[PDB]
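In structure tokens, the next block holds one chain alone, the form deposited in one PDB entry.
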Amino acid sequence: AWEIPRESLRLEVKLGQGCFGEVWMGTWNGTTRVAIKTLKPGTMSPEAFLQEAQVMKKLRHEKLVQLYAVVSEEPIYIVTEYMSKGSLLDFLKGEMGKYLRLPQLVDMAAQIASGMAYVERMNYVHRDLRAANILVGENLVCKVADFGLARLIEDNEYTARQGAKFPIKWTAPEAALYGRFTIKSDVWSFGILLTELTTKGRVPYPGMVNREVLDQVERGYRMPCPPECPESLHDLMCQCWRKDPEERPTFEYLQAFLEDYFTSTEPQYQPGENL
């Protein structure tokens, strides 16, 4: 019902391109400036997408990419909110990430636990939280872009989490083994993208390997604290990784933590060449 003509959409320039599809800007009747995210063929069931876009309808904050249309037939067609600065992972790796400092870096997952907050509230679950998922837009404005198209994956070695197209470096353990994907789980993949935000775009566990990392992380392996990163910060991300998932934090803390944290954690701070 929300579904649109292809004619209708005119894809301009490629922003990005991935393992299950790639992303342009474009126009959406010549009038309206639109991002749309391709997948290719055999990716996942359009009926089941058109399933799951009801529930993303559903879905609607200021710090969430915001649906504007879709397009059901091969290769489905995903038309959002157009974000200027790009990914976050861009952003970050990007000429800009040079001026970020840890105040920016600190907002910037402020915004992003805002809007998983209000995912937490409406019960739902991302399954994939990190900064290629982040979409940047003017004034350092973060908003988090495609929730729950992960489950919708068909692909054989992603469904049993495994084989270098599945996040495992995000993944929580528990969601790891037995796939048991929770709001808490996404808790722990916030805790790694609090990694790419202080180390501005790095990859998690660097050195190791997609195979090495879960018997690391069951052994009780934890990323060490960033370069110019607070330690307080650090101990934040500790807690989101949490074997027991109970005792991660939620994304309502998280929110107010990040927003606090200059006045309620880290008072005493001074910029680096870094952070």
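Numbering follows the first chain given and starts at 1. First, how it differs from the form deposited in another entry.
Considered as rigid units moving between the two forms, the segments carrying residue 22 and residue 94 are different units.
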Second form
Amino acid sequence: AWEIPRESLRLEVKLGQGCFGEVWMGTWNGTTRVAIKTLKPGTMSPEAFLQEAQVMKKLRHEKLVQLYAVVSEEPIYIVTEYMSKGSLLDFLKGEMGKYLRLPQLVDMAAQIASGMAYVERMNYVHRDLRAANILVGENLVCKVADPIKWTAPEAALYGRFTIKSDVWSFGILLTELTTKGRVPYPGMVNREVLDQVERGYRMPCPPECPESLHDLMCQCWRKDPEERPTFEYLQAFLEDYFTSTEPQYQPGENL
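Mind giving me the form deposited in another entry, seeing as the form deposited in one PDB entry was just shown?
Below: the lone chain, stripped of partners and molecules.
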């Protein structure tokens, strides 16, 4: 029922490139602006593209990128909604990044937490939550889409991926938001990162970030995955943030 005919799609602008395929901006039925992901025949089993899209047929939330349609026979195409502003990572590092302040950035974290809260309700796991996999639309809409610096130790070392390891990544994602997309653990290589976080090292409070928000990060980074808060809790905390937690907030130079 998701199937659509090939002549209904029009690929216009190439946005990205990979060994598994490409991503384009396009039109569906001449009217609907859309994102279109393609599969490169031979580079991957169709079964793998089909698994992703089967999952996207089961999940539906305003903060998860919506699948609109598919072309299941090779060459495959996956059609979704169009997030005009691209990746959160690019957004934060680029010309728009410089005007974002703490209230905008905490609202972006609340949207992402709301989408992850939904994933949590549905008993799914993301495994790769980070700024590069968050998509930004008009009016600062952020939606979840699709790496040891973002990966909880129990996952990286022992392969124990859970919603709690996603919560760890969310904490790291909070640092990207408050540094304008700077790589976490700056000047540390992966192996140094691994050894340090095992020994208890945790990133410090970013400059101009209230300590209350860095406290939340550290909750997300509790060694014991079951001590980490839920996305339901994180969503509520960030939604209420400027009344319940930092009611005396004052804007500064960067946050």
